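**Q** Each chain is listed here by its residues.
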Amino acid sequence: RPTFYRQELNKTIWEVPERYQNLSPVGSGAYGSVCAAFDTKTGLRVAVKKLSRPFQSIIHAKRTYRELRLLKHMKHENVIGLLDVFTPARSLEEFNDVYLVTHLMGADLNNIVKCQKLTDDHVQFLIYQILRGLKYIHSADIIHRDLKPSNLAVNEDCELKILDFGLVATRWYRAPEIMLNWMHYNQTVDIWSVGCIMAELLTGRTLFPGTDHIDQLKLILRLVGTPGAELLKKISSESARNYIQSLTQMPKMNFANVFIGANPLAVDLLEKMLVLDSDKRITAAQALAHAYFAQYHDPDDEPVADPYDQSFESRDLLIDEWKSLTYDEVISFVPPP
Amino acid sequence: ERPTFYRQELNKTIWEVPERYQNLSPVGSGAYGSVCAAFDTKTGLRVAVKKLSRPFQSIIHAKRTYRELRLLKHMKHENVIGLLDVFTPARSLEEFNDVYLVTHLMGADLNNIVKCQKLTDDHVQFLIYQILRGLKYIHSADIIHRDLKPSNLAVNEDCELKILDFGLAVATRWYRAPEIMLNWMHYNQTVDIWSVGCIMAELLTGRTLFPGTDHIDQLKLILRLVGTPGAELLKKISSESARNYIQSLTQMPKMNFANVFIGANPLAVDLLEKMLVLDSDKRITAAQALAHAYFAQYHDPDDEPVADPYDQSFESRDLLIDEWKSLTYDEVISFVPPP
Ligand SMILES: Cc1ccc(-n2nc(C(C)(C)C)cc2NC(=O)Nc2cccc(Nc3ncnc4ccc(N)cc34)c2)cc1
Ligand SMILES: Cc1ccc(-n2nc(C(C)(C)C)cc2NC(=O)Nc2cccc(Nc3ncnc4ccc(N)cc34)c2)cc1
Ligand SMILES: CCCCCCCCO[C@@H]1O[C@H](CO)[C@@H](O)[C@H](O)[C@H]1O
Ligand SMILES: CCCCCCCCO[C@@H]1O[C@H](CO)[C@@H](O)[C@H](O)[C@H]1O
Ligand SMILES: CCCCCCCCO[C@@H]1O[C@H](CO)[C@@H](O)[C@H](O)[C@H]1O
Ligand SMILES: CCCCCCCCO[C@@H]1O[C@H](CO)[C@@H](O)[C@H](O)[C@H]1O
Numbered sequence: 005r006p007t008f009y010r011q012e013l014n015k016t017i018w019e020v021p022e023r024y025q026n027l028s029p030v031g032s033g034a035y036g037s038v039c040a041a042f043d044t045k046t047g048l049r050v051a052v053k054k055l056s057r058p059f060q061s062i063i064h065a066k067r068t069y070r071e072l073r074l075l076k077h078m079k080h081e082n083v084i085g086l087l088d089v090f091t092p093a094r095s096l097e098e099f100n101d102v103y104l105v106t107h108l109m110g111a112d113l114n115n116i117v118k119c120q121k122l123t124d125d126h127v128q129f130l131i132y133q134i135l136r137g138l139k140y141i142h143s144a145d146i147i148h149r150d151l152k153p154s155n156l157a158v159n160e161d162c163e164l165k166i167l168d169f170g171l183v184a185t186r187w188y189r190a191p192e193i194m195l196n197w198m199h200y201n202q203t204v205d206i207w208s209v210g211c212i213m214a215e216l217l218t219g220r221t222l223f224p225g226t227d228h229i230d231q232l233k234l235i236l237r238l239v240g241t242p243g244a245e246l247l248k249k250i251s252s253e254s255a256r257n258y259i260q261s262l263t264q265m266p267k268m269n270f271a272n273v274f275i276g277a278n279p280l281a282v283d284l285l286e287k288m289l290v291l292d293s294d295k296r297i298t299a300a301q302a303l304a305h306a307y308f309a310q311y312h313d314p315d316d317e318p319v320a321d322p323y324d325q326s327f328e329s330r331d332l333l334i335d336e337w338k339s340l341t342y343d344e345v346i347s348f349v350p351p352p
Numbered sequence: 004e005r006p007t008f009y010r011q012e013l014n015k016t017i018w019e020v021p022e023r024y025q026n027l028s029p030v031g032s033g034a035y036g037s038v039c040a041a042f043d044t045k046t047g048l049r050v051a052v053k054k055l056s057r058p059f060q061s062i063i064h065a066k067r068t069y070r071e072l073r074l075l076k077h078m079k080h081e082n083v084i085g086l087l088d089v090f091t092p093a094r095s096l097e098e099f100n101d102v103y104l105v106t107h108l109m110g111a112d113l114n115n116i117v118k119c120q121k122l123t124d125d126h127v128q129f130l131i132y133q134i135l136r137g138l139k140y141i142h143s144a145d146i147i148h149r150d151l152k153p154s155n156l157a158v159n160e161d162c163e164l165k166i167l168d169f170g171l172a183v184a185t186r187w188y189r190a191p192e193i194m195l196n197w198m199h200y201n202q203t204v205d206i207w208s209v210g211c212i213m214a215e216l217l218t219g220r221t222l223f224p225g226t227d228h229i230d231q232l233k234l235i236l237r238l239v240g241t242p243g244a245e246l247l248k249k250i251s252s253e254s255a256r257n258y259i260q261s262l263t264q265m266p267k268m269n270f271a272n273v274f275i276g277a278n279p280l281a282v283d284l285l286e287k288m289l290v291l292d293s294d295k296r297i298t299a300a301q302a303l304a305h306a307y308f309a310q311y312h313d314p315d316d317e318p319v320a321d322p323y324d325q326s327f328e329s330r331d332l333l334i335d336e337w338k339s340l341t342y343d344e345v346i347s348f349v350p351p352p
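Protein chains in written order, with the deposited numbering: chain B, 5 to 171, 183 to 352; chain A, 4 to 172, 183 to 352.
No false leads were mixed into what you were given.
20 angstroms max Cα-Cα, derived SDA-like pairs, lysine to any residue: (1) B:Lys121 - A:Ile62; (2) B:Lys45 - A:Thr185; (3) A:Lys54 - B:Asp161; (4) A:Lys338 - B:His126; (5) B:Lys45 - A:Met194; (6) B:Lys121 - A:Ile334; (7) A:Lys233 - B:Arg23; (8) A:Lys54 - A:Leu74; (9) A:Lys15 - B:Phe129; (10) A:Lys15 - B:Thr123; (11) A:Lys45 - A:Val349; (12) A:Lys15 - B:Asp161; (13) A:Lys54 - B:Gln310; (14) B:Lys45 - A:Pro224; (15) B:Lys121 - A:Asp331; (16) B:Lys338 - B:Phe327; (17) B:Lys118 - A:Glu336; (18) A:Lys15 - B:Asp124; (19) B:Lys45 - A:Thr241; (20) A:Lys15 - B:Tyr311; (21) A:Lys233 - B:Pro21; (22) B:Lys45 - A:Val183; (23) A:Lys15 - B:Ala304; (24) A:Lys15 - B:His305; (25) A:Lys15 - B:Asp125; (26) A:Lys338 - B:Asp161; (27) B:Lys45 - A:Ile229; (28) A:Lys233 - B:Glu22; (29) B:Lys121 - A:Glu336; (30) B:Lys54 - B:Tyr342; (31) A:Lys54 - B:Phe129; (32) B:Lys76 - B:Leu108; (33) B:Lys45 - A:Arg186; (34) A:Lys79 - A:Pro314; (35) A:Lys15 - B:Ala306; (36) B:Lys45 - A:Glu192; (37) B:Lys121 - A:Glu97; (38) B:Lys121 - A:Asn100; (39) B:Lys45 - A:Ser254.
Hints in this document: simulated from the structure, not taken from any laboratory.
Using the sequences and the hints, build the whole thing.
**A** Quick look at the structure:
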């Protein structure tokens with residue numbers, strides 16, 4: 005049980021153990037605020053996320069538990085891990101604030117696509133690592149839903165980690192079914208995003224730079240073509256089917272022609288990721304075994320999540336219970352080596 | 004007059020090297036590069052061949068590649084690693100993507116030794132003399148090693164020592190100067206003298222001086238020996254919160270080192286006192302240490318050379334990857350082997 009100190013930073017109170025020094029705001033919003041800090045115990049730069057109003061709404065209370073529980077179980081080279089979690093509170097009664105701590109990310113993938121023309125091997129290595137972390141995330145029944153270059157931390161050695169930085184437009188990497196307000200969607204949405212990211216690493220530019228969601232969808236159909244009869248058989252929404260069925264047919268462009276400078280294996284993989292029908296998209300685990308990643312793929316070193324349930328929508332509790340569940344997860348936390 | 008190259012794969016790694024280098028076997032690997040031991044048929048020497056990893060894949064890697072080549076091309080001293088050769092398979096700048104560095108193959112490091120024998124005082128004399136002689140040279144080129152530790156000091160069968168950097172990816186923190194762990198933003202050469210003091214102590218006692226489990230523990234262990242900061246030193250810390258923090262600790266006196274290192278040569282103890290001072294401005298320098306009576310058997314003021322002027326101006330430049338690559342290529346092409 006450390007000694008805590010108290011400061012204000014941009015109209016928010018930060019109560020943090022002595023071990024973290026030189027707290028410097030690096031971002032804030034309705035989900036949390038983050039400070040970069042110096043971890044005196046380790047000498048590493050850390051990010052300290054203070055969650056915003058964690059128990060003031062039921063949805064906040066729930067988000068608070070979901071994030072801590074998830075992050076406590078994320079133990080993979082290509083996924084953000086939890087270095088520390090704390091609270092200034094000394095008991096459950098006083099418990100109203102939670103702080104999450106991770107390795108500070110310097111650079112993201114967007115910092116990289118804006119600095120240089122990537123070689124093929126550099127694209128192989130980056131997309132390999134995305135797919136490796138995603139295979140692990142998906143095996144826990146988690147969908148990322150916002151994969152984009154700014155949520156992908158890349159160090160000096162091109163070692164990549166998936167985070168969620170939310171506190183380069185999201186719409187640009189987003190699966191069409193999300194933009195269409197689909198009833199359910201699944202983890203295949205994130206494969207669409209990876210397709211958009213890989214394209215951009217291959218050409219240097221945003222694949223579908225839409226100005227709004229409808230422009231976005233227009234650009235997508237232009238490349239991949241209008242839905243086929245097989246896909247239409249699976250659209251539940253009458254008004255959607257009506258609209259989609261009105262459109263003039265658009266053919267699928269030849270990707271080998273679009274991406275004329277790219278490795279044909281890279282082109283082949285993009286064709287398997289950027290498919291309208293999400294059921295026909297390649298999965299993260301299947302994409303790892305694609306020839307494009309032959310120099311990187313190791314089926315005995317592409318691990319999957321631990322057995323804890325991370326997908327528990329059914330639980331309909333009250334703020335107080337989500338609160339004590341969270342409090343227990345904080346107290347039981349064991350730091351990584 | 005380009006050599007003929009042969010290709011092979013060692014550990015998912017392609018090694019393309021001139022025929023002169025035979026019998027490659029991998030001896031180390033990591034994020035910075037991979038190393039193979041080899042036999043240089045031209046010279047009859049065993050060599051180490053280090054293939055840099057992803058040399059031009061990032062701006063940071065590109066500048067590291069250049070930095071390492073420049074530094075190794077400069078180092079011409081008996082107690083410091085020298086460059087025997089540098090090569091690339093590339094025939095032009097437009098082909099240039101791989102860099103290989105060749106040095107004399109080192110047998111053991113100093114760490115292998117301390118574990119394996121209790122060292123005589125003449126033995127510690129010789130090893131520490133050679134570290135300071137190399138350090139005097141490195142420091143004279145305005146280079147700071149920053150990671151001096153037994154695993155970065157190679158020692159042959161004749162007890163001849165070279166400083167290098169074996170790192171490719183025994184804790185560094187154990188030999189690290191207290192100000193580096195305090196995040197002092199403008200540290201200087203004297204950090205390496207701290208490290209030498211820690212290494213000498215270990216050679217005398219046979220055990221790590223300050224085996225800290227983290228940065229805080231490390232500092233605790235250091236203060237148990239050297240004492241909590243004096244009034245002189247506290248005044249050099251301009252942070253009120255830092256000052257008050259240190260003052261609220263249980264105050265530790267300085268231990269008398271002669272009372273700590275039992276049975277050691279009194280001269281070695283005196284030298285260690287001069288190296289392990291908390292205030293870096295008060296530490297002995299490498300040049301000064303060489304003249305300490307501890308090394309009277311070894312010291313020769315006419316055989317402790319300094320480096321030719323070293324142009325480090327690149328460090329302060331922010332350049333493109335293909336610019337760093339082109340500059341590295343110039344240095345590959347201009348390399349002249351040592352006779
Ligand atoms: C409700 C909820 C649930 C889960 C997440 N979540 N999910 C994930 C995946 C799926 C990738 C494992 C990750 C999160 N959360 C997450 O990343 N949280 C988090 C925790 C601590 C710090 C940070 N943020 C940052 N970490 C490191 N460097 C940073 C640099 C700048 C900056 N603005 C934020 C940083 C994020 C987010 C929200
Ligand atoms: C980015 C960068 C810059 C500079 C260095 N650096 N600095 C120095 C000083 C300060 C001592 C001059 C030396 C290095 N680099 C360095 O030693 N590189 C290097 C080059 C070639 C081979 C080796 N490694 C080895 N050399 C000889 N025998 C070995 C035996 C085993 C093994 N695993 C490695 C060996 C290291 C290292 C990295
Ligand atoms: C105008 C653009 C048409 C968009 C078509 C998007 C098709 C999305 O793909 C659909 O995803 C669903 C949700 O995961 C699945 O249930 C469906 O089976 C699948 O076909
Ligand atoms: C699955 C698709 C269902 C929703 C798509 C509706 C978006 C319509 O598209 C929009 O509407 C205008 C006409 O209404 C058009 O002139 C424009 O193309 C566009 O702004
Ligand atoms: C255990 C208490 C922590 C000690 C903190 C020491 C950090 C000193 O930090 C240094 O202090 C100097 C003081 O003028 C400044 O010149 C430097 O810029 C600053 O980095
Ligand atoms: C908690 C124990 C305090 C350790 C204090 C270490 C003092 C280091 O020494 C300091 O190093 C700085 C960096 O070069 C110099 O600028 C200062 O002049 C010097 O006093």
